[PDB]
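K.L.:
Listed below, chain by chain, are the residues.
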Amino acid sequence: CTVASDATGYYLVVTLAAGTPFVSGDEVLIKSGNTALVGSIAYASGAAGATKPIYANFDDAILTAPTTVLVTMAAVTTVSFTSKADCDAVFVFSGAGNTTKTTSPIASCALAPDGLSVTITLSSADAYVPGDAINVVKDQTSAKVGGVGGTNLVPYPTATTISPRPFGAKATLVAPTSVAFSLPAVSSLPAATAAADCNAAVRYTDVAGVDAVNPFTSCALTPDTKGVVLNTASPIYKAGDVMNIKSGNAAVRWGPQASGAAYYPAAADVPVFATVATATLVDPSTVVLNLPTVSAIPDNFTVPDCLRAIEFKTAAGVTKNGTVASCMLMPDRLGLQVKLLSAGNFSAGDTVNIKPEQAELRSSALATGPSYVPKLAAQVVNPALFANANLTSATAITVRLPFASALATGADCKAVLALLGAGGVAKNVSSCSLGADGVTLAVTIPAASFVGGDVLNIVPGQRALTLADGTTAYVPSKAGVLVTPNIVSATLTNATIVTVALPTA
Amino acid sequence: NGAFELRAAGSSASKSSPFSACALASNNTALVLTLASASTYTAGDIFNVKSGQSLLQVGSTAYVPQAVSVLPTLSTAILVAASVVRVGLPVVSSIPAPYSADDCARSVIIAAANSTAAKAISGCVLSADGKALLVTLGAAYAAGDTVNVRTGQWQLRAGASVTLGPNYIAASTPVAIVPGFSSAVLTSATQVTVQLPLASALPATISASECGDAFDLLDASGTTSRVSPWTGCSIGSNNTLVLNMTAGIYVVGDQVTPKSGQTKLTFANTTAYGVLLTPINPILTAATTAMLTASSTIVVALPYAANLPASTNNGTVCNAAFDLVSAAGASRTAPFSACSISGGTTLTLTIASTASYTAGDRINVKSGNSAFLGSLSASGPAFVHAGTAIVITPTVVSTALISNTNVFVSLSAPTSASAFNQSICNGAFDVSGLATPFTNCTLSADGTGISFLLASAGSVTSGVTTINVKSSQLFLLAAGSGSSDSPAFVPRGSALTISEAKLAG
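Protein chains in written order, with PDB author numbering: chain D, 3536 to 4040; chain X, 380 to 884.
When the alpha-carbon atoms are kept at most 27 Å apart in a straight line, the in silico DSSO-like pairs for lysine-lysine are as follows:
hint, chain 1, residue 1, chain 2, residue 2
1, D, 3890, D, 3761
2, D, 3773, X, 429
3, X, 394, D, 3773
Residues from chain X shown here face chain D by an in silico Cβ test under 7 Å; the list is partial:
hint, residue
4, 388
5, 389
6, 390
7, 391
8, 475
9, 533
10, 541
11, 542
12, 543
13, 545
14, 546
Read the hints as simulated data drawn from the structure, not as lab findings. No residue lacks a Cβ here, since even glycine has one placed at the ideal position from N, Cα and C.
Isolated chain D (complex conformation):
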């Protein structure tokens, strides 16, 4: 046994063996011969003050639902609940910091058949303010431990917080190395978060059922602040993974950091599911769905079956009907190529996502791997840079992007455009600009750095180049462009021989 201290004083935390629970009417007395428990020195024994009868409190209190609180009891209880008056007779609510609420939040109570848990339903979901507690009232004569003739419950020197679970928790896979995990309300984390706090809060497991141990380097907050995002250095995902909050949570909380309550672990573990992370339109009639794992398609993939597993949709949100000509799964098993009827079935900004409850696209196998699942927000169709790029001059290249586009002002060109030579060796760029027509883009390469044969591409992680809507951004292409030569002019040299200004060797 161990001693812990708080405002009310110093307490002894004694334990019973799992085979002998507590019974009403028992008493605790200091045993003759004690030597371990000391104040200044050891405890005497045999005085009338050493013996004290034991009286009951409640085991726990949890928020199982948006308006449901389950209070487990330290023994089988004989209570009669019939009306809101009875609930207020036994249970008194309160707030964080010992403060007092003006009105009661309770509506009705209900005792379990076995007398070991009482549900508590609130009037509304706005009544449970974060950090609220529960307790028993001074000399309440209703609840009993030991039948009608037993001994009542008693107030406890301190109020007991209500621990919220993440009901409705679904864990999905956004990238090869990142996972989301949503929560039932506005949550929070400590300001100075480190990997120790991250891995103390969440848990990861593989198909076999063995603990993964410390994968999470960092974690953060969702834009709607209703979930946590967890990242890893390298991909580990498999089919059959699960996730949950651990049993020592002290970081993820309901409401303000300084006053909230840390989440409990969910009742059931939440298997991980793959989605669409990016949609790179690689050519005017072909859309490649970037994938975060090894994927498997129907043994034969027809137009009807592929149309059970996508949703093309205009910027405003109107589904488009005639798109699919065929769908073929890629060699690397990390992409899906859906060919189009014509170059027109894609307009600027259009978006893609998975259709729910489909059985075609799955994780590593068409038999047992879970299928993909829809994304909370549909995915944007990034246009890869594959349009014509014709060398206008030894220092300036021209790119005829096919769609209406706008470009950031004052952005550093080094984070937008790049040039690739033989072997993938990148080369520096000096400046860059966008024309008034909204399509033509000029790249100011360093003088003489380009040699006939090199291909232009787009810097990974760029965010300066975007379509007209200003929210869709370009991305690199597999081969860029085999930039072609354009002659400048020829000069009046002499009457029979003329020299032509060929741009490059």
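With the hints as your guide, set chain X onto chain D.
P.N.:
Frame of chain D, contents of chain X only:
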């Protein structure tokens, strides 16, 4: 269990004692692991062998751990209707929402006897509980037709949702199709009719002891079967089978089925139907009695137990289950606006204001009944009956002593015909103080009351005497248009006490 195991996806511990009797078969190649009689599978179960075992030996080596995933297969197949096939499944299953007749033809084959060619199908739909699948045959049934699951089929997955579970695969031996019971209806106290999409054969010189040896009788849950056999079993018109039962050998909710592997009958002398547990739909047998207790209400004494939604019903519920059939056979509209069952054996209805009663009516269960169940349970075998209806018989309602020299009685229906003669004065009523209490009697204008002159003034003792209708009397008959619709009056449940009508003060 000390060498093998069966673990769920993500389970940190193996299932405890899952194997009841492990065995070997074939050329020492078929490890037939007998499970519990009521075991349970879990989606994507994993088999393996514990580390360092020695029970199963091979050469001088021993099997070392390597885990596999279990996959399901079919369990049974019946022909329920002329063109419907009820394939059983071992665990819950599902098909992907829109599911054409092409997909079913893609993932199941029915081939002729000693053949491997396909037979077409019109369509398929899952069952309500999901453990069965129903197939519409596109051609006539011939004994020997077999069904199997097509290799490479993936749309049929165990588990409640398709996006998580294995896929059925072909069994080495296709599941032979045999027919079975379509339905069955109670026809009397000691009979039942059964419907088959077949022909059939009789056991020549039948014997009493053999009918039971073929078929069986089941209790509510389908666990226990009744002991004694029944008296007969034969064949009838519309490809039917008759099972005349022993007296009192029925219990509410009981099912009926042939026994596993029976060969007492053979369609086309070459194939017989297998086991299927079949409810029995009860009806208002000849034990049901009806009475018109008042000019606006009825009472019916249910022979068995029943139940209705809630306990008060609005008008449409009673209308949708019950009928007021004229004495001619036609059906009247909205006779009832409120009915109820009290005690699960007494049914009281109430003719609505817009409705009214006519002599010779009858109460019969509605065709297409869907709310009046033949069990005390909310889910049970409903009544379905369109044959003989119950008579309904009126009685007296109220009685009062007009003066010390007159008695008065009121009726629940008119008798305004001219048939009234003096014999009704002393023949249709009984007073328990005199054999012939009256001397004269006269009707009212509307036929809803009679005034009797007594034999001796004051012989009625107000508050004590009792007046009630004689049993099996034939003098007083309802006001019908003919002999077919003039039911005779009958006694009340409790005799009425005559109270003098006078100014109290």
